[PDB]
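Peer 1: As a plain string of letters, each chain reads:
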Amino acid sequence: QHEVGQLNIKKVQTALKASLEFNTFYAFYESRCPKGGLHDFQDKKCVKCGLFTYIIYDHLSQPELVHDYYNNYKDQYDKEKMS
Amino acid sequence: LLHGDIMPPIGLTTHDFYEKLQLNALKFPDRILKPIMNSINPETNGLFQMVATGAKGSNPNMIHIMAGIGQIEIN
Amino acid sequence: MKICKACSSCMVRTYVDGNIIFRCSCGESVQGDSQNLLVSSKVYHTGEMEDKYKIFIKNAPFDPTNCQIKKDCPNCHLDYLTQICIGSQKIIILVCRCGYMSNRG
Amino acid sequence: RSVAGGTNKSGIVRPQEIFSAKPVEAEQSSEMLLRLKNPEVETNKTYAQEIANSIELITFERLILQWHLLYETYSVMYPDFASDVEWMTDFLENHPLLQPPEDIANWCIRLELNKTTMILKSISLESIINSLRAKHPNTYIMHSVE
Ligand SMILES: [Zn+2]
Ligand SMILES: [Zn+2]
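Protein chains in written order, with UniProt numbering: chain A, 905 to 987; chain B, 684 to 758; chain C, 1 to 105; chain D, 1063 to 1137, 1143 to 1213.
The set of hints was computed from the structure by calculation and includes no laboratory data.
Virtual Cβ for every residue (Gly too), placed ideally from N, Cα, C.
You may find that some hints are simply not true.
Claimed, not checked - Non-contacting residues of chain B with respect to chain A, defined by C-beta distances greater than 10 Å in every case (computed): (1) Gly687; (2) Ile719; (3) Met720; (4) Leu730; (5) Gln754; (6) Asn758.
Claimed, not checked - So the derived label-pair ranges between C-beta atoms look like this: (7) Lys939(A) with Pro1101(D): 46 to 54 Å; (8) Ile959(A) with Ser1064(D): 22 to 30 Å; (9) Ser1198(D) with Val16(C): 31 to 39 Å; (10) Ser1092(D) with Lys54(C): 33 to 41 Å; (11) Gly1073(D) with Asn59(C): 35 to 43 Å; (12) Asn59(C) with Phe1081(D): 47 to 55 Å.
To be verified - Below, a sample of chain A positions facing chain D; criterion: calculated Cβ distance under 7 Å: (13) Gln917; (14) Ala931; (15) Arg936; (16) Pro938; (17) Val951; (18) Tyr958; (19) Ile960; (20) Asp979; (21) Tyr981; (22) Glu984; (23) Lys985.
Please work from the sequences and hints to get the whole structure.
Peer 2: Listed below in structure tokens is the structure:
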């Protein structure tokens, strides 16, 4: 705890920004399907394209492909919601 | 909230989700006792002895008296 | 509603002939097609519409009790903006006395 | 204790509900506990969340911004929505087996869907169209291009 000040503020802030974006994207789509209408067992993007990616986000690669290949839908939905 | 990043889950509005997040964020951690016990001689502190032996008071009473009351919750 | 042209009175609708036949208590009939095919209306999100807070949002920059934030106005370049949070979705609107509004509102 | 609607447990509301044998409609803190009909998949939190969000009650009224009933048939038109005939003809073109039937009457509702609620509740337009079409016998429903 006394050595927490030795962490880099910028690197922590960037990592928190990225992790927060991932957490928001997957909490939005934990049950909501980007295709539309729940059905979040294992198919489409309603939960995953496989593995365990709904909450982990630390395995990389798989969380990243899902986010990059459904980023703009989430962005436009966020734009519509906050208006 | 300001950047429009708070997305409520299915079943809650953004106001309810925001209130829940704020209520969770403003709860005192378990380590709030560390400064209290660093200032308290348990073999000599009468207040701590009454609280710890069950004679009178609880941990929230000591925390409110010494560290802070925290979030006022009504219903 | 339809106001009778002779006596300034409201007239009933009484759909009979396949269209609206506006009947008044004084016996006048107007027919009146096209414009009055709307019989019932109900907006379900009242209390959160735009015109509910239109006057308040217009007056928000001048209200001294409104929250201000340290953000630059893109129009007049004031260092502060009035911050509003309306609705159950917590819509954040930034407004300025110059007339600038944060896109939404 | 919570005082909001649907979870009103403040005061003696729950004990008076119990002791007065109040009916179901008079209960302000009604709850239910449901177990998945599969002992080996109760472990999956994602499946449980899927089922919980699936059985959550959503009505048409929840997703309506406003609605207008009209005395117009189809095979005239309130002036404020004369622009609707564009997406109307688009629906006619895109749904060949959904042409208007030959019992269409004058009465008809025009409802505006709330897009914010549709996004937040993960409600799709096709879900509405199929939950109203294979529900209502004497009706003819038309939607814009989603
Ligand atoms: Zn008259
Ligand atoms: Zn300005």
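Peer 1: Please go over all the hints and tell whether each is borne out by the structure.
Peer 2: Outcome of the hint check:
Look at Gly687(B): its CB is around 4 Å from the nearest CB on chain A, not clear of 10 Å, so calling it non-interface is violated. For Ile719(B), the shortest C-beta to C-beta distance to chain A comes to about 16 Å, beyond the 10 Å cut-off, and the non-interface label holds. The Cβ of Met720(B) lies farther than 10 Å from every Cβ of chain A, with a closest approach of about 16 Å, so its non-interface assignment holds. Separation of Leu730(B) from chain A is adequate, the least Cβ-Cβ distance of about 26 Å exceeding the 10 Å criterion.
Interface exclusion of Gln754(B) from chain A stands, the closest Cβ pair being 23 Å apart, more than 10 Å. Listed as outside the interface, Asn758(B) is consistent with that label: its C-beta sits roughly 27 Å from the nearest C-beta of chain A, beyond the 10 Å cut-off. For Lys939(A) paired with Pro1101(D), a C-beta distance near 30 Å fails the hint of 46 to 54 Å. Distance hint check: the CB atoms of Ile959(A) and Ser1064(D) are about 27 Å apart, consistent with the given range 22 to 30 Å.
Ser1198(D) and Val16(C) have their C-beta atoms about 35 Å apart, which keeps the hinted 31 to 39 Å range intact. For the pair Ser1092(D) and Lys54(C), the supplied restraint of 33 to 41 Å holds, since their beta-carbon distance comes to about 40 Å. Range check, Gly1073(D) to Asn59(C): Cβ separation about 40 Å, and the 35 to 43 Å hint holds. The hint said 47 to 55 Å for the Cβ distance between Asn59(C) and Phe1081(D), and at roughly 52 Å that hint holds.
For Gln917(A), the interface hint is violated, the least distance from its beta-carbon to any beta-carbon of chain D being 29 Å, above 7 Å. Violation of the interface hint for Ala931(A) is found here, the shortest Cβ-Cβ separation to chain D being roughly 11 Å, above the 7 Å cut-off. At its closest, the beta carbon of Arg936(A) sits 4 Å from a beta carbon of chain D; the interface hint therefore holds under the 7 Å criterion. Among the interface hints, the one on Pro938(A) is violated; its C-beta lies about 9 Å from the nearest C-beta in chain D, farther than the 7 Å criterion.
Contact between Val951(A) and chain D, as hinted, is supported at the beta carbon level, the nearest pair being about 6 Å apart and thus within 7 Å. Checking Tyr958(A) against chain D: minimum C-beta separation of about 5 Å stays under 7 Å; hint holds. Nearest Cβ of chain D to the Cβ of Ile960(A): about 12 Å, over the 7 Å cut. The hint is violated. The beta carbon of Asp979(A) comes no nearer than 12 Å to any beta carbon in chain D, farther than 7 Å, and the hint placing it at the interface is violated.
With 7 Å as the threshold, the beta carbon of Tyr981(A) comes within range of chain D, its nearest partner Cβ sitting at about 5 Å, so the hint holds. The criterion of a C-beta within 7 Å of any C-beta in chain D is met by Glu984(A), whose closest approach is roughly 6 Å, and the hint holds. With 7 Å as the threshold, the beta carbon of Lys985(A) comes within range of chain D, its nearest partner Cβ sitting at about 6 Å, so the hint holds.
Comparing the model with each earlier hint shows violations of hints 1, 7, 13, 14, 16, 19 and 20; every other hint is respected.
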